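Taking the form deposited in one PDB entry, here's one chain by itself in structure tokens.
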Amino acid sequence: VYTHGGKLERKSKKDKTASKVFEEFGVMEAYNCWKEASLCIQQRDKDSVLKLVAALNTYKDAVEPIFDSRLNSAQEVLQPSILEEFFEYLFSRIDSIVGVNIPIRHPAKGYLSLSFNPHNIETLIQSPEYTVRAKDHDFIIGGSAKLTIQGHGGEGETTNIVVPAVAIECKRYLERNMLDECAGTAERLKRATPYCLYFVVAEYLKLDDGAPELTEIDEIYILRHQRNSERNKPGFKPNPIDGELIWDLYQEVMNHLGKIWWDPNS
């Protein structure tokens, strides 16, 4: 898939302003170097995961100052996909670890609900119209399925859905509005798929004068251990993305993906 790469590739064909900037400041080259260094790491011991994090830090240090200063709102398109593409690298080896061919490992809309909204009494009997609500998540590990409804009139109406085992939101900074929105989604997500792990990953924290809502979210990671308001202050050094957190997150995901979950009895 390559979420971040795909955004760059399309902006470079389509957006004259942004393609100019990409060439002049060497974004494509830096991106290529990040991908090539990331995709060649085969193992997932602690050291390998810390190598992925170093390449991630390097890429962000190279490219985020360009996104921030050289693009307008041409760049609240570019920056957020970096973490998403990162997770695709981190979890690109799960097929051989767990012995199954996992179709979803990228941003996707995970199933929330099925409800029925027939046009009329005829329709309700013959072929009831329905809605699958799904929620876009920054990163999902899951399966895809087909959902078919059939009435008396014999034809099946089918919808493709994604069922997550893991879903991760990825943000630069976590503020009040977003964290509340995440806690509401967690509630829906746990009714729909009780065995889905739900993580909110941010680099910076920005809850100011306010108290975080820790609803049904399994973990919140603040990768740089710093407050958002430090960013505009005089001579500011951003902490790197902490490799120990990503190592912790990796282990928790993998532990979850290898376990049993549900059982008619045991």
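Throughout, rigid core stands for the largest set of C-alpha atoms superposing within 1.5 Å between the two forms. Numbering follows the first chain given and starts at 1. First, how it differs from the form deposited in another entry.
When the two forms are superposed on their rigid core between the two forms, the C-alpha shift of 2 Å or more among 230, 213, 218, 64 belongs solely to 213.
After superposition on the rigid core, the Cα atom of residue 181 is displaced by less than 2 Å between the two forms. Core-superposed comparison between the two forms: the C-alpha position of residue 132 differs by less than 2 Å. Fitting the two forms on the rigid core leaves the C-alpha of residue 75 displaced by at least 2 angstroms between the two forms.
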Second form
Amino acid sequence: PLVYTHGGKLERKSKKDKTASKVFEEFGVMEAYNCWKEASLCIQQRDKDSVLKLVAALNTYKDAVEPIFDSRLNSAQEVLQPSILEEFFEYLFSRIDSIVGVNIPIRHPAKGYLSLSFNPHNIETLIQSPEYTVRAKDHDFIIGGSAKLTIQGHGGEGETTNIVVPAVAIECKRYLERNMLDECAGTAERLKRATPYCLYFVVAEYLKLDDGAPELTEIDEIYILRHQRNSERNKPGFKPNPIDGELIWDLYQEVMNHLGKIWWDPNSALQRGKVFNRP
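Alt. form deposited in another entry, vs. the form deposited in one PDB entry above:
Below: the lone chain, stripped of partners and molecules.
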């Protein structure tokens, strides 16, 4: 198995909560899930209809399962539903190796690198082997690479830390309220300092944002997948929109573009006379 973020939380949640285990048994969550997974992995191409099909299965599984997580559970809006989308992105980008050339080690939730700072214990350790911190940051989904960072002082053979250098990072939220969109603006800033070529998206199903006023962030795209407000979800009669396959198709197109580009290329700068060729 590649990653399967959702599937694993299913098995972990049922391995720690026996209540939940029976709920998953009784309402056939596990069959629903396996079905979703099977449906998704067999989609081999990535033309628009291919992608639309994945979204189709996504909608189905969410329709089949989310109501159980809402009414039959207790704590399922923390790391049980936010993972359906995480795993979805795993499927969406399962077949990119063959298409972008190389074998990308990271296409799951991951801590994306931000900073390296030095916190030596004392003058001796400073000289001999300075203690350091790498600050990273949880993202719901990262396409990127794994690196080893080592610091050696006079003595040691160096403390090593494993780090993740992201090329795309995606936040995945059921609904996007202002509190969260501030976090995301905030880490976009940091993220762009650390990894200037990391594309950064926030993706939500609903937008729970009070009309307020517009925000210049360093986020490359926000996506509200169901085109709806959150005011609508807990009122008279249900009726949620499907997750819009169009948006996912777009998001896919932009990421693949990104992984296609040489990101510095001064030669093409000089050639054109612009560093930021936006057509």
